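Next up: just one chain, as structure tokens, the form deposited without the named molecule.
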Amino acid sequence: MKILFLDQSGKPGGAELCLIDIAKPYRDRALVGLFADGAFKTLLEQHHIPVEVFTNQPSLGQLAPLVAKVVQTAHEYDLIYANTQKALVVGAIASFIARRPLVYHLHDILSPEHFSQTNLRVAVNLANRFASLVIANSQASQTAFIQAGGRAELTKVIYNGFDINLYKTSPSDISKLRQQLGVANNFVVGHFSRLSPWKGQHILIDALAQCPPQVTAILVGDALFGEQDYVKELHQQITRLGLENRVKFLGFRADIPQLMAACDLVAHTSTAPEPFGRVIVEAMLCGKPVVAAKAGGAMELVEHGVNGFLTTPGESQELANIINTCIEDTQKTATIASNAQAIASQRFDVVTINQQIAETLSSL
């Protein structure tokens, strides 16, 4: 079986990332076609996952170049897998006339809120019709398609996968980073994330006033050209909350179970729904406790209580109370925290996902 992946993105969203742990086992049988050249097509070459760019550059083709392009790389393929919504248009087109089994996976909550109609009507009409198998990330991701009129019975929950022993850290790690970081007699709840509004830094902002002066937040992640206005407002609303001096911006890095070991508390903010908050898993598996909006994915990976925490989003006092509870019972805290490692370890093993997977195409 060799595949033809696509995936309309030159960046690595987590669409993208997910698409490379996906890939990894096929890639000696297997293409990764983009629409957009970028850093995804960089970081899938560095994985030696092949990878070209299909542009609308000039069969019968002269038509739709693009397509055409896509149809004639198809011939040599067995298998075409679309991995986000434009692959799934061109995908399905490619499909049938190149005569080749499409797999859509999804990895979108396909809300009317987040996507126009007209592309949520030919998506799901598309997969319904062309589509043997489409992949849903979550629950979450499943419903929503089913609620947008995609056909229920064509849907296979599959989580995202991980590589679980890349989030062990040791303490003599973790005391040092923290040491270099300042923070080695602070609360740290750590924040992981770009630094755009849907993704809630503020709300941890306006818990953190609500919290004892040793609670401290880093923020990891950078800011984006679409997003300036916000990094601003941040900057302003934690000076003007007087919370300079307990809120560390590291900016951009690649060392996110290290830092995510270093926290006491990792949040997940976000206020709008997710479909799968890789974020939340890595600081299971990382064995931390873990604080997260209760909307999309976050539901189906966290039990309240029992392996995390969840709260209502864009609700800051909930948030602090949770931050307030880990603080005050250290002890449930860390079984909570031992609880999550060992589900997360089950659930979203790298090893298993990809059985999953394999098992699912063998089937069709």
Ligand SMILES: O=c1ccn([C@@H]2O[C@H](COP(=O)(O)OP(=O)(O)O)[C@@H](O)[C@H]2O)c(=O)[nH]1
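Numbering follows the first chain given and starts at 1. Whichever C-alpha set is largest while still superposing within 1.5 Å between the two forms counts as the rigid core. Compared with the form deposited with the named molecule bound:
In a core superposition between these two forms, the Cα of 193 is the only one among 155, 193, 84, 160 shifting by 2 Å or more. Fitting the two forms on the rigid core leaves the C-alpha of residue 38 displaced by at least 2 angstroms between these two forms. Core-superposed comparison between these two forms: the Cα of residue 128 travels less than 2 Å. Fitting the two forms on the rigid core leaves the C-alpha of residue 144 displaced by under 2 angstroms between these two forms.
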Given for the second form:
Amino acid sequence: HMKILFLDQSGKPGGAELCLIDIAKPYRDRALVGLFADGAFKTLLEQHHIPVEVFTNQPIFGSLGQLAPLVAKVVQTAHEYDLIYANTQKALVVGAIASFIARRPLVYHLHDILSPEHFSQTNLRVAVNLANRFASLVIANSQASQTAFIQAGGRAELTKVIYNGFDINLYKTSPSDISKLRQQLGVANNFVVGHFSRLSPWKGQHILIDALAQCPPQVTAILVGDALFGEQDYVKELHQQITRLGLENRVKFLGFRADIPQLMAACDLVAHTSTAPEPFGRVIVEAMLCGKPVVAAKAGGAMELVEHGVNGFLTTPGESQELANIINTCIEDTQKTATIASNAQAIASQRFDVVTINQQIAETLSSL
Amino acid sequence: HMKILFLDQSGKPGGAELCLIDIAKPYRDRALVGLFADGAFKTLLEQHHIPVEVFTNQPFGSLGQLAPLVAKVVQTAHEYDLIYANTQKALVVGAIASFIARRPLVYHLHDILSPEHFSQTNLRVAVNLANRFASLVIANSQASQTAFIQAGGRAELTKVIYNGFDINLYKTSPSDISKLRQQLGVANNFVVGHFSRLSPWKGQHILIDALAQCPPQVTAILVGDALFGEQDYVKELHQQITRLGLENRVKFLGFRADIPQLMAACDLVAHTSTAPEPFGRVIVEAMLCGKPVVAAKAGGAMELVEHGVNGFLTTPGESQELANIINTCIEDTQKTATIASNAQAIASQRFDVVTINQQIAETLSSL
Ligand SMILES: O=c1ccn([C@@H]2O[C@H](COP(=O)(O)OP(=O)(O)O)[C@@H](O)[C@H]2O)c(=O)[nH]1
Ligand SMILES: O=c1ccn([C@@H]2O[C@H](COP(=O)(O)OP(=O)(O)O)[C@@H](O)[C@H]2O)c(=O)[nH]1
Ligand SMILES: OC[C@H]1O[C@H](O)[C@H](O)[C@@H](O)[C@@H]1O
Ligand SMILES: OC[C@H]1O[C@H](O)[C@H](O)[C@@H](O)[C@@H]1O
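Can you return the structure of this protein in the form deposited with the named molecule bound rather than the form deposited without the named molecule?
Below: every chain and molecule of the assembly, starting with the one above.
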């Protein structure tokens, strides 16, 4: 049973970090998760009985540590573990360094699409070179990510695609609880479109909002998720968009919620609307596992998760009218829509069961 | 005429840093010296009209949050043609900026990269970054070159280029000599001057042991600064001094800028490092002041001095062997003065800043 030091730059519970809980959990006995900032994510790992430590760049190897204490601390810690598992870009930088100095093999779990759209040239160059030189293995969360890695100059022979896994039990809610929650929200007699991405222009909440202007008034949207600071302009732009379309009573922000399965159960349609390619899209799968019909943007790993008209729908990114037509089709073809949504659950529960992903990972790890 | 970004970790004017003034001065029109800390060295560069900027780690890539200084240096480097790294930390940073800004890197090596001077990590880092990113590794001594290579460095990257010196600075009036010896209260002493920062490996404590084995008109001046945290060493010297009844024969002058003058005021200059010296600027300085110099037999000292010809050499750690040389300088005044006088002629050939500067410029243009 390996000793694994996991590293993640964020103290916040984003996709990558949510995914790491499931990645790490089977190793929680002899493992540790290193965060480069404190926040909600630490609590989760605590709540999941995973050892976590927050590293800082405060002072206290060699003298070179004064340049970057965080790195020195991590390098020091790395001596105690058999493996460095880096879950984000910054964690790859630090984990490369500590891989070399502490003489421990390094795994890069890639949750991003390394394209010019998504990141600066510099970030692409660094990640590719550090991975190519120091990573024993690059686990990609999707083929779209693997492909982007390769096109940015990454070494194909290092890559292995492994999708996110999910606890299937967590995705079932009582139909009373659904009635309760729809009530509490004041949407019980609406057609509820749920959007579950953190608030950020490229997640395209503003595309959905534009689409409501072409839907009948019983169609309402809940926007769930927070804004990561820097994107507070976007939060303004949404409310100014709503005001400008008279949608004040049809769009609700709940901010960041821990009760996503329940909320998905309370929706009628889950919508993924990213205007830039999505590496994976946890929400897409999550919807499918909650028996809900999902529409998604046709790019990135979304196209791997959904086939249009069989287990979900797919629309041109940034095209609100197209999204509207799907919402309206859902309203009418009740029988079809529910078939698609029930198939989606069956199919998705095969690919993405956390049990099958965890063994796909452990097999991958022990083979080096 | 290339724009050069010189980098140096220190704000204090140590040996490598003083060396850098002479390295950089001919390029000051289009160059910049970036320091990772502020201090007197900045002032010096200002006084020599060499542009200088202090970088901090206060808040390219989002990655720059990991190490802001690195991000600033990387940014700055887009405006220059070459990056010239003069210390170990400056190599780390400069390697990173070399990659990201796609600018060639030169590493000026002033250390002896051996397990005695540095941690394994420090060796491994410098060698690996140098091997991978440096177009050229300029060593200050064959001793330094060798230790690089023995630690894994790439022989074919190395070129030994010795420190240079302005010859016009190393001359003093007999009258000025007398005043200074007077001010110091040593006019009828045999004066041994030790011109090194106060760290155990500079071996002031060895000279002190030697004094007790010297004739009684012999006194020492220790010229140099102590770091905070090597104050425990300074206390030991003072205790040692007292233990040997030498309170009135050893005086500390702290850091001083009038080095040529103070060397002139000495009768002997003594280099006593207990660990191999990469180069030893004070040894050459002494020779350029026409004084007899005794040095420790190790590192790049052995390249500067042949024992009995232009100076003396002694077994590191061995005080008694140092005494014999002092005694000898006292007894054979004419021999010594010839050795001392030869030393100046010999050293003024090799280490003339002019000839070293040419040596550097031909190395740099050939790229
Ligand atoms: O307010 C929110 C928004 C999202 N999520 C969860 O976090 C994931 C969001 O990650 P996704 O892959 O959708 O986008 P990312 O954040 O990874 O770019 C989803 O699966 C949700 O279950 C959440 O708990 N609260
Ligand atoms: O009190 C002092 C001691 C030294 N120096 C100068 O700093 C250099 C010391 O460098 P050296 O190579 O002797 O020792 P390092 O500190 O470089 O190891 C000499 O050339 C001196 O000119 C000085 O200005 N004041
Ligand atoms: O599984 C990893 C998840 O988070 C990652 O950061 C990606 O951005 C997202 O596409 C994916 O759904
Ligand atoms: O190269 C100039 C000086 O640099 C180094 O720091 C050495 O410690 C010293 O021996 C050398 O003379």
